[PDB]
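Left out: one protein chain. Kept in place: all the others.
Each chain carries a letter (A and B) given by its place in the written order, and its residues are counted from 1.
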Amino acid sequence: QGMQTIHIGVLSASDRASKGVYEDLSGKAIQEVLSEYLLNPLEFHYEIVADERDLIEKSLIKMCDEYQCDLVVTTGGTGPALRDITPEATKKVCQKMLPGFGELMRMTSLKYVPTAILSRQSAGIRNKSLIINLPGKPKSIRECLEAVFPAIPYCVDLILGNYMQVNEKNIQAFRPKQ
Amino acid sequence: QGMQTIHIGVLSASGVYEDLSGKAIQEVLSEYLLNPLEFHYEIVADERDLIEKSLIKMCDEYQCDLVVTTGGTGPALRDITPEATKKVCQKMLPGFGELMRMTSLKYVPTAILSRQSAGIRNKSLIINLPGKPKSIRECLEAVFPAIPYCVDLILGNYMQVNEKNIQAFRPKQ
Partner (left out) sequence: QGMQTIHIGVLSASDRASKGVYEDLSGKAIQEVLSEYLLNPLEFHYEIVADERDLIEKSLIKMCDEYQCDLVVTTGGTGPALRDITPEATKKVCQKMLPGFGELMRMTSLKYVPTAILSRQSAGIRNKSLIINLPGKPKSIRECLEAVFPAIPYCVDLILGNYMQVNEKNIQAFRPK
């Protein structure tokens, strides 16, 4: 009856030439939110990676394959600009993409900003891992996770990842029966 | 003056169960169309090459104007119906996938996990549907109003809609 440990990858894509300090804010927001959403013992695998496609692919692959993360989330590099290559790297290492995540994350942001439709944030499956691209700003990250997390535990179940147990005080997750 | 026969392919991707899904599909489509209908119904195992082969037969040999699948459209490993669909289609129609997810998202948050799509193969429209009767009706209710015109444009047979049951819409040509 012991809850399974959930391994979670947190990948910050950054050239480290814009933020200076506060380079950890987005990652900290990610860990805070997921820590409140899950009852499981959690182990976070955090890495800062330059905006180089192959490096991001390698990092994602390591988090899924070596660290056995059930969930891997990225922050940064998901707009129309030249070095925003995080969605491309994500698509390359996933076997199946889940367009519904990209749709909902834009719809969620589109409530606030018209430029939400510029986002290329996506999600996909690599083996027993769900990878999702998150926004860059802590407030945006929270709103995004609040919107998409209710579908995540069931998704992780279906791809045969470990069994997330939701803190229902903070978020609701739906699991279809039968 | 005679209505054209519409050929409709029904592909169930998956034997102690009733195919409530297959029945739901034929029931709903029979309510929505006035035409004489011929259903080409097949059960196929969750193998990509086999689903591709079945889709190809329904479009090419049976000359189906509309082909619908049920099953195998989630994130799980053996859910390969959307892959098979993309393989046999020349054009995909992302609007269908968007609307089907938006429709289901009204009721369950896990709707965003669906990879259901739609595309064109020659004169056939192929659409991936859900797995349960209730969700199938909700799905068809949402996307059917656009189907007759789509079939018109790809040069399929002319569907005559039962307006009592579903909205008929063809834009000004």
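FYI, a residue touches a chain if its C-beta (ideal position, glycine included) is under 8 Å from a C-beta of that chain, and two chains touch if they have at least 3 such contacts.
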item	value
Residue of A:92, A:106 or A:128 in touch with the missing chain, whole complex considered	A:106
Touch criterion as defined above, residue of B:20, B:50 or B:154 at the omitted chain	B:154
Touching residues on chain A - with respect to the absent chain	79-82, 84, 88, 99, 102-103, 106, 113-120
Chain not shown, touching residues in chain B	91-96, 98-99, 120, 125, 143, 145-146, 149-150, 153-155, 167, 169-171
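Keep in mind that, in the parts below, only the chains that are shown with their structure count from here on.
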item	value
Inter-chain centre distance, chain A versus chain B - centres from mean C-alpha coordinates, in Å	32
